[PDB]
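The chain below stands alone, shown as structure tokens; this is the form solved without the named molecule.
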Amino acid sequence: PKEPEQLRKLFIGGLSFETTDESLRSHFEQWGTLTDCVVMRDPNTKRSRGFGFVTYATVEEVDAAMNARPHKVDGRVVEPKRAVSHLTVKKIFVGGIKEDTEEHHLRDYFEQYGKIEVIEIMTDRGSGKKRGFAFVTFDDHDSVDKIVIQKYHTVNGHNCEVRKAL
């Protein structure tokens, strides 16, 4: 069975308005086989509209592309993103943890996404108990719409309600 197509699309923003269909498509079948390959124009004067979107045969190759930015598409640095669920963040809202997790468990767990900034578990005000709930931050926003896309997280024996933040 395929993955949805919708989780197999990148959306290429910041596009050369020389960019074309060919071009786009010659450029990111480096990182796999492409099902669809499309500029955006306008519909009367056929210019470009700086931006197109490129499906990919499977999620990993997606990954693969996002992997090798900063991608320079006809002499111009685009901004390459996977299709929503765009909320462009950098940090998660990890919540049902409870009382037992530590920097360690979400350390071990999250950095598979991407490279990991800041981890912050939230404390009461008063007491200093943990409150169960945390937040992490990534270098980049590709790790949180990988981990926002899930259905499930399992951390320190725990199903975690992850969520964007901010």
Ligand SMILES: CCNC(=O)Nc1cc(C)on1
The other form holds:
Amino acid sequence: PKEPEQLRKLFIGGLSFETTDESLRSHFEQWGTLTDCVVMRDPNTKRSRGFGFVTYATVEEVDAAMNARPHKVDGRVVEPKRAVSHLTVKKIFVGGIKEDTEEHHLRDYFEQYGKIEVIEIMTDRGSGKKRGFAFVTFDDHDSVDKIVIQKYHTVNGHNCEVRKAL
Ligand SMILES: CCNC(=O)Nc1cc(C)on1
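I have the form solved without the named molecule already, so could you send the form solved in complex with the named molecule?
Now the complete complex, all chains and molecules, led by this one.
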């Protein structure tokens, strides 16, 4: 069936106060079918709060919208972010990789979530032996957001624990 609606939403900050439900929709419909599209407004003045959200029909459409950043909506560059279970970070902890996991294993898997800038396989300060965890730093937070919402990560045959770092 359909992916949970929470995973199909983009929360859009930094809107022009002149953006409306209609103009936000016309912009973001370029990347998929929108089942919902709302500019948040003050209940008394109706003046925009400067943020809103859109809901796509599928997660692949969310991906397409996020891959089309930067978005200039009604003349202003906006800030779309998905929902995670917002702590906006570019680095993940990857645990459970044991002693046989190498940089290329982590790179070949994680590079499909985003552009990698740093891979740090953690070693023991005294012995140099691998400790069984690593950190991966990407150029942008959406990679991390996609990663942490997955139930499972399999790298080098290991079932890994992945969380946002710092
Ligand atoms: C700034 C983008 N929006 C959010 O982070 N949260 C929201 C937006 C609506 C609506 O409800 N929560």
